[PDB]
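Student: Residues per chain, in single letters:
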Amino acid sequence: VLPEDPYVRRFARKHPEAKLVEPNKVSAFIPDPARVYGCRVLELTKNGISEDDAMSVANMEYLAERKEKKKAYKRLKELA
Amino acid sequence: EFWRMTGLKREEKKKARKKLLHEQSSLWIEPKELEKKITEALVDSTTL
Amino acid sequence: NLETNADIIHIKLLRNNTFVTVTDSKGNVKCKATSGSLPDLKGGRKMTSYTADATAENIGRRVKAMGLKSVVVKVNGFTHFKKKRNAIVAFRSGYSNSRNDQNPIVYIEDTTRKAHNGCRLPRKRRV
Amino acid sequence: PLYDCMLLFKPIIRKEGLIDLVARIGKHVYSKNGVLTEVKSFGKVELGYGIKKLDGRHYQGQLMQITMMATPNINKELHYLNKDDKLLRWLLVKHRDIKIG
Amino acid sequence: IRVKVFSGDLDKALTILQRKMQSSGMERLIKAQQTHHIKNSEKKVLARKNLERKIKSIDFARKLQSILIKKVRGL
Amino acid sequence: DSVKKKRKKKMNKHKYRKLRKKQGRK
Amino acid sequence: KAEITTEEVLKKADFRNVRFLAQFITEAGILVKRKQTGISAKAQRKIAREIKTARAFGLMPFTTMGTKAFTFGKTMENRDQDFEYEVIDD
Amino acid sequence: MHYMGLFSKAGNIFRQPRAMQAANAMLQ
Amino acid sequence: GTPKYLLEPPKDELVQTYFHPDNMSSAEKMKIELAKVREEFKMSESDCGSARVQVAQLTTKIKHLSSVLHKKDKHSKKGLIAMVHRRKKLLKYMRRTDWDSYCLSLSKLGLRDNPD
Amino acid sequence: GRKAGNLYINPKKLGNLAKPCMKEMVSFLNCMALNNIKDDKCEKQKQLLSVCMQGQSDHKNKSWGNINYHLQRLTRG
RNA sequence: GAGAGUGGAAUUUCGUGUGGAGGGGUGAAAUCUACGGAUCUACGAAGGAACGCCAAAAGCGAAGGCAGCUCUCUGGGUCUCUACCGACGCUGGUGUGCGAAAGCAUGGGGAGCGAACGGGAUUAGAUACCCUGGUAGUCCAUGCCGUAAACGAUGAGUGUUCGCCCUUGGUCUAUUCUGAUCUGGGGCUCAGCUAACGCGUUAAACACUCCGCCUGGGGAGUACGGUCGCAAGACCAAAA
Ligand SMILES: [K+]
Ligand SMILES: [K+]
Ligand SMILES: [K+]
Ligand SMILES: [K+]
Ligand SMILES: [K+]
Ligand SMILES: [K+]
Ligand SMILES: [Mg+2]
Ligand SMILES: [Mg+2]
Ligand SMILES: [Mg+2]
Ligand SMILES: [Mg+2]
Ligand SMILES: [Mg+2]
Ligand SMILES: [Mg+2]
Ligand SMILES: [Mg+2]
Ligand SMILES: [Mg+2]
Ligand SMILES: [Mg+2]
Ligand SMILES: [Mg+2]
Ligand SMILES: [Mg+2]
Ligand SMILES: [Mg+2]
Ligand SMILES: [Mg+2]
Ligand SMILES: [Mg+2]
Ligand SMILES: [Mg+2]
Numbered sequence: 049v050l051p052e053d054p055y056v057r058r059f060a061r062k063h064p065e066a067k068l069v070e071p072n073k074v075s076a077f078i079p080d081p082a083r084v085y086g087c088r089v090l091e092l093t094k095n096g097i098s099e100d101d102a103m104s105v106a107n108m109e110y111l112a113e114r115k116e117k118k119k120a121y122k123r124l125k126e127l128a
Numbered sequence: 148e149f150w151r152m153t154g155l156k157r158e159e160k161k162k163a164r165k166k167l168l169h170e171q172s173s174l175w176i177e178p179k180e181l182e183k184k185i186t187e188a189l190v191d192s193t194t195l
Numbered sequence: 188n189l190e191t192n193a194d195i196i197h198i199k200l201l202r203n204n205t206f207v208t209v210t211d212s213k214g215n216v217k218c219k220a221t222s223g224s225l226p227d228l229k230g231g232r233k234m235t236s237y238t239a240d241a242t243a244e245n246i247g248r249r250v251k252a253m254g255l256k257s258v259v260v261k262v263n264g265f266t267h268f269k270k271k272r273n274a275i276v277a278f279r280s281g282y283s284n285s286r287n288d289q290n291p292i293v294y295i296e297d298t299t300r301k302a303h304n305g306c307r308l309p310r311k312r313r314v
Numbered sequence: 002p003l004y005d006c007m008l009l010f011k012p013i014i015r016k017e018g019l020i021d022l023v024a025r026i027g028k029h030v031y032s033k034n035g036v037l038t039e040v041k042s043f044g045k046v047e048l049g050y051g052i053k054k055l056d057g058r059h060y061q062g063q064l065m066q067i068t069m070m071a072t073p074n075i076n077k078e079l080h081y082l083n084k085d086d087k088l089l090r091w092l093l094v095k096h097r098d099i100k101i102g
Numbered sequence: 027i028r029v030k031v032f033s034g035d036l037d038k039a040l041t042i043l044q045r046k047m048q049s050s051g052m053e054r055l056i057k058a059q060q061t062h063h064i065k066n067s068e069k070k071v072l073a074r075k076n077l078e079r080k081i082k083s084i085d086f087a088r089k090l091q092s093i094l095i096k097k098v099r100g101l
Numbered sequence: 112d113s114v115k116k117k118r119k120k121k122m123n124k125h126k127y128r129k130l131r132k133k134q135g136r137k
Numbered sequence: 163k164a165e166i167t168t169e170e171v172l173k174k175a176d177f178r179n180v181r182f183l184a185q186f187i188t189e190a191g192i193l194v195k196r197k198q199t200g201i202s203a204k205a206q207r208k209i210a211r212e213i214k215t216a217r218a219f220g221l222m223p224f225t226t227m228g229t230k231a232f233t234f235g236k237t238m239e240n241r242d243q244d245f246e247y248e249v250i251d252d
Numbered sequence: 001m002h003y004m005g006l007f008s009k010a011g012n013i014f015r016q017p018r019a020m021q022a023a024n025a026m027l028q
Numbered sequence: 296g297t298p299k300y301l302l303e304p305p306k307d308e309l310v311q312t313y314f315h316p317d318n319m320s321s322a323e324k325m326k327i328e329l330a331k332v333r334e335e336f337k338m339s340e341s342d343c344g345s346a347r348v349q350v351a352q353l354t355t356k357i358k359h360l361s362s363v364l365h366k367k368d369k370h371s372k373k374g375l376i377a378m379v380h381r382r383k384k385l386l387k388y389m390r391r392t393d394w395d396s397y398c399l400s401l402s403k404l405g406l407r408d409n410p411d
Numbered sequence: 013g014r015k016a017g018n019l020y021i022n023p024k025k026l027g028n029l030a031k032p033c034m035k036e037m038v039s040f041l042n043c044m045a046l047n048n049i050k051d052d053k054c055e056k057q058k059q060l061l062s063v064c065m066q067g068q069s070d071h072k073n074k075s076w077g078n079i080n081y082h083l084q085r086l087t088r089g
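The listed protein sequences correspond, in order, to chains U, V, J, E, S, c, Q, k, N and b. Sequence positions in the first sequence follow PDB author numbering and run 49 to 128. Sequence positions in the second sequence follow PDB author numbering and run 148 to 195. Sequence positions in the third sequence follow PDB author numbering and run 188 to 314. Sequence positions in the fourth sequence follow PDB author numbering and run 2 to 102. Sequence positions in the fifth sequence follow PDB author numbering and run 27 to 101. Sequence positions in the sixth sequence follow PDB author numbering and run 112 to 137. Sequence positions in the seventh sequence follow PDB author numbering and run 163 to 252. Sequence positions in the eighth sequence follow PDB author numbering and run 1 to 28. Sequence positions in the ninth sequence follow PDB author numbering and run 296 to 411. Sequence positions in the tenth sequence follow PDB author numbering and run 13 to 89.
Derived from the structure by calculation, the hints contain no laboratory data. Yeah, the Cβ is synthetic: ideal placement off N, Cα and C, and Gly gets one too.
Heads up, simulated DSSO-like pairs for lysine-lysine below, C-alpha to C-alpha not over 27 Å straight-line:
1) V:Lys165 / N:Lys331
2) Q:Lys208 / Q:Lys236
3) N:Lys331 / N:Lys387
4) V:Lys166 / E:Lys95
5) J:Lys233 / J:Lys261
6) E:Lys77 / N:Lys324
Here are a few chain E residues that face chain V, going by a calculated C-beta distance under 8 Å:
7) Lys16
8) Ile20
9) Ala24
10) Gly27
11) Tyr31
12) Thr38
13) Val40
14) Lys41
15) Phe43
16) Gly44
17) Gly102
Sequences are here, hints too, so could you generate the full structure?
Tutor: In structure tokens form, the structure reads like this:
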């Protein structure tokens with residue numbers, strides 16, 4: 049059991065379609081989105097921030113990153 | 148102290164049931180208004 | 188222009204006999220036939236499928252002969268459904284000779300009821 | 002205890018006969034130190050089979066329900082409803098926490 | 027169970043009546059109807075044998091299903 | 112105790128029941 | 163297929179609720195097995211007990227072999243237009 | 001168990017292989 | 296969202312009638328009576344499981360069951376006999392351990408002394 | 013019975029032991045029963061029985077009994 | 001578990017319409033039953049017994065056993081608790097109680113079934129198996145009896161021992177679908193055990209406590225004696 053596991057399973061209580069990292073089959077040492085979300089929430093809790101605020105800011109940062117890679121892929125398609 | 152708290156919660160639940168039953172008793176039937184309430188219950192005609 | 192009181196063909200399958208009875212809509216018998224009342228079969232066996240088919244065929248011929256154009260078939264018996272299907276098909280095959288004239292049967296119905304654990308059945312035979 | 006008295010009347014019984022029987026049971030409950038909390042009518046219902054009485058066979062009925070807080074002896078004391086000609090069926094059940102609609 | 031005949035089609039109505047006989051469980055109860063008395067001591071033995079043949083049929087169906095599902099998947 | 116051994120006791124009991132109903136009836 | 167849950171049965175099954183209970187009888191009028199609905203054994207026991215009560219109370223049929231199919235709200239009296247037939251099609 | 005404990009504080013080394021996920025999809 | 300009964304005045308005489316012991320089943324009356332007996336015999340204030348409390352409760356149950364049980368009801372009579380033998384075991388424990396509570400129970404419940 | 017083991021279905025545990033022209037034969041015999049044992053005026057049943065006989069002549073004795081080998085080879089796989 | 005009520009299907013009998021030749025039964029027959037009108041068909045009446053489906057490797061009970069539904073009264077069990085109490089426990093000779101079915105006593109009841117028995121057949125014979133009638137009995141009330149392949153052919157209890165799949169009834173956690181922990185009931189199995197078959201956390205495993213019982217077969221669960229029983233018989237139970 050990992051300390052971040054409840055937060056990883058709380059990320060499973062959301063949008064399930066996130067990444068093709070599991071059948072990518074390139075390496076077993078890069079974390080996926082849910083594990084890094086849970087680690088972010090865990091280290092925020094270890095800082096002393098509130099719990100719900102930790103999930104809110106971690107989800108907002110993830111959504112910002114996903115929109116930024118969406119617009120980056122849009123730039124790739126505009127160059128393509 | 149834990150036993151006293153348990154007894155207080157049990158007594159509070161019993162008092163809550165008693166208060167609920169005391170509020171609902173405004174629609175119960177006196178003998179002097181029995182046939183009137185039977186008439187109104189027959190007129191109202193709750194569905195099947 | 189839509190009629191209600193069709194005649195009823197009662198078919199009763201027993202182990203040892205078959206009873207085909209023609210009534211009106213209210214249960215008044217007009218004609219009937221059993222296994223032993225058929226003019227051809229004489230002794231030996233009555234539990235065959237052929238006897239039940241022949242009884243229904245006989246009644247179908249008689250029902251055409253009295254000009255009945257609409258019937259309701261009610262079947263009853265503790266047998267497989269294939270036996271009752273073959274009995275109904277025989278009736279129509281007697282009313283019409285080879286599937287040519289229109290169907291008189293406007294309704295079919297199975298009426299078989301079990302005891303809800305009623306009386307004790309007889310003792311098993313030791314043969 | 003709290004009970005539901007189900008009353009299935011014959012469909013030909015008029016309003017006055019229904020009221021008379023319901024009020025007779027109600028005055029019986031009051032005389033045994035009891036409270037009537039609820040009386041309701043389910044209207045006319047269609048039966049699953051034809052209930053056969055000395056009058057004949059009935060395929061309809063009027064359904065009533067009285068909810069009472071009464072003595073434990075009251076189902077035994079209500080056995081006169083077995084000889085009542087306005088009734089098709091009657092049944093006393095312990096009150097349940099189910100919504101009947 | 028009553029079935030209407032539509033457009034004089036006897037075979038379709040008979041198929042519908044057979045299907046409603048089978049799917050209502052009434053055919054299974056008619057086939058199970060007995061002609062003689064069976065004691066409870068013999069009902070116990072019959073129930074034991076019926077459970078044994080049900081176990082064998084379930085095992086056989088499981089083996090066929092595992093073979094067919096493993097073969098159809100293309101492995 | 113097999114059925115074959117039960118049969119010896121069965122016959123002893125039948126003969127004894129027969130003798131007891133013949134003698135003790137009188 | 164109608165997915166009925168255990169909690170729905172434990173909330174709804176009563177011999178007064180004939181509209182709900184009519185789902186658990188077949189067209190021959192006999193009680194459906196538990197494995198056809200997937201409810202709990204306790205829920206199936208409650209359904210069987212309430213339908214037996216409603217049968218003895220007259221609201222549900224013991225059997226529909228030889229009669230018309232049971233529907234809630236429809237009469238079970240055998241009437242002339244039960245076996246209504248058409249001759250003008252012939 | 002020191003090394004497994006260190007490497008469990010990482011990404012996902014507990015990822016099922018393709019054959020196990022295939023059989024789990026087969027069984028359901 | 297206001298229910299219908301929260302508009303009319305409540306009826307206090309009907310609530311008093313509702314909670315009358317004539318409207319209670321025999322099991323509820325036994326529960327109330329056994330709680331009273333347990334209050335009468337307790338050693339501490341939260342005491343509900345000492346030997347003399349169990350003896351007094353068993354005596355009350357035994358006296359109720361010996362009067363209400365039908366002669367043909369053998370299955371309940373076996374449980375009544377079990378209650379009798381449990382009370383003997385508890386009295387035997389109290390006779391060697393707490394002689395004062397033993398004499399208390401025998402005097403107040405009217406039981407014989409049978410050390411044999 | 014058969015020896016217990018593996019999977020085995022019988023080649024004759026299907027519809028195979030029903031030789032044809034049976035209902036045609038009993039219908040033709042029924043027409044002799046009705047029409048006082050004459051071949052006249054119901055030659056349609058005679059023609060159907062004959063055509064069933066040439067249909068049996070066209071048909072041949074075939075049965076797919078190689079299912080057991082396929083089951084045995086799927087067990088080994 | 002006991003008491004009090006109540007429901008429908010089916011069988012049998014009876015009645016009333018319609019109808020007319022058989023029905024019933026067998027390997028094949030016959031007795032039987034039917035023109036005084038049967039079987040069959042509709043409606044009705046009476047009565048007794050058993051409760052279809054649910055429904056079963058489910059549930060409950062010490063065992064024997066317990067099945068429609070409602071209500072009354074009532075025995076036991078399970079779960080949870082930062083509640084009580086404080087070794088009050090296990091087993092159990094002699095004893096006491098409960099105890100299928102058949103049987104007995106008294107009074108009711110009697111549809112179906114059916115020892116005995118009558119008849120029809122089979123057979124070399126047939127005191128049988130098959131058919132047709134059918135008494136006691138089977139049911140209720142109150143007593144007696146005290147036995148069964150009363151079987152898991154496995155006494156009761158306690159502690160310990162790798163797991164997997166189901167399932168009854170709870171609780172907790174859940175992260176939307178499942179895990180955990182009790183509780184009984186099943187299937188499979190690592191060990192270990194077993195003459196072998198097999199058993200296997202509900203042991204026939206690793207140990208223990210207490211009781212009952214065995215000591216080659218036959219004679220024999222017989223004789224004698226005592227106690228119990230209205231009887232039928234039961235329990236303890238030899239020797240040559
Ligand atoms: K023996
Ligand atoms: K149990
Ligand atoms: K118990
Ligand atoms: K349980
Ligand atoms: K094994
Ligand atoms: K153990
Ligand atoms: Mg033989
Ligand atoms: Mg031995
Ligand atoms: Mg007896
Ligand atoms: Mg008598
Ligand atoms: Mg003779
Ligand atoms: Mg005989
Ligand atoms: Mg007889
Ligand atoms: Mg013995
Ligand atoms: Mg037994
Ligand atoms: Mg559970
Ligand atoms: Mg277990
Ligand atoms: Mg051994
Ligand atoms: Mg012992
Ligand atoms: Mg003896
Ligand atoms: Mg002696």
